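To begin, one chain is listed below as structure tokens, in the form deposited in one PDB entry.
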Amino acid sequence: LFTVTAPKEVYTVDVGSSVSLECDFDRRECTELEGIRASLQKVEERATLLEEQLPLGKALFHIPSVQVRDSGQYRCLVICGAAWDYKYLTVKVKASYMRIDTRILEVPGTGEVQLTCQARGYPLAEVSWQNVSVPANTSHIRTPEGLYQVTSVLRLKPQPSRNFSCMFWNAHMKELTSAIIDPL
């Protein structure tokens, strides 16, 4: 008899912070200390096994400075002699779309303006524009950091004394960020 449990299954962590992933096992079942080994295997060597925790019945893996590419599902595995078990752990890395750069371009001869919002973050954001009657065009690329750069462009005749807000929705994080553009 031998099983592994996971006290916490989903770890939501910000880029740049630390995380310690854990799965546990009952040392009254796995009595033989010499035959204990543990591994964290991504479903697809950043996490360090804290092996002094194994005699305590804990497989603990530390990532001291989290990156976007640490996100995903992992199998937290313990072998106890000639038996083994595992649990799935999910790391959800967040890089908030907190810095939203804005741009205003006047279009000659139309009385219209082209408004841009651009921000980087993770996972992919969708962009809406508040209380406007014209559709926006939004695109993205991925950066080498694994962030998405999301760019949204709206062209309209600004109703005099109106501001315009672009909203970034980061669904996995249930996060909204926004910028307000004053075309004056």
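Positions refer to the first chain, counted from 1. Compared with the form deposited in another entry:
Comparing the rigid parts between these two forms, the hinge falls at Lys92 out of the candidates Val153, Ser39, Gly35, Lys92. The chain behaves as two rigid units between these two forms, and the smaller unit swings by 14° against the larger after C-alpha superposition.
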Contents of the next structure:
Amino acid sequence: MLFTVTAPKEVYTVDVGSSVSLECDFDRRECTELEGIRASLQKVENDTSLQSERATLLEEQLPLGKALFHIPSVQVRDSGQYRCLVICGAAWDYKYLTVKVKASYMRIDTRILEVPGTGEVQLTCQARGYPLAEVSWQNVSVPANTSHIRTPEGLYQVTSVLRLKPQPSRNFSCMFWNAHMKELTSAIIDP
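Having seen the form deposited in one PDB entry, please provide the structure of the form deposited in another entry.
FYI, this one's just the chain on its own, none of its partners or other molecules.
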């Protein structure tokens, strides 16, 4: 039989904590025998394509020529390459699908501290998100020190610390640029 599978969407970008429904369409006129259809999803890891235990096939879409695989509350460990596989009788086909994940650097914790001795102030912004953000401080010529760690859930915790002599009536704004996702977020610190 002339059985093929197509993937209407090759790359899915998903917010951490939200679901994804990965789709592959298949040829129903060459697989009229809906009884012997076997649709499955595999995640590729260590160059090994093993069946996914996160995804559920929404089998109510099968009669319509659509294999839809639902993954709830997507995490960083769910990102990467998948294969949707459909077997109908003595024929099969598959397609690759990529899941990219995102977590907005939306909660930014701030701190202000006076640095004893120096007369300087120390200002800190810290936020978790995904992929790795860069931080800059708006209209400040003094360089900050920015670093990151990974959280147990796979996010980046990015912390930026600026130390300087505080200027009169001046607020300081730290700006997180999540480049891969084209998102800017920011917090204002009033000393």
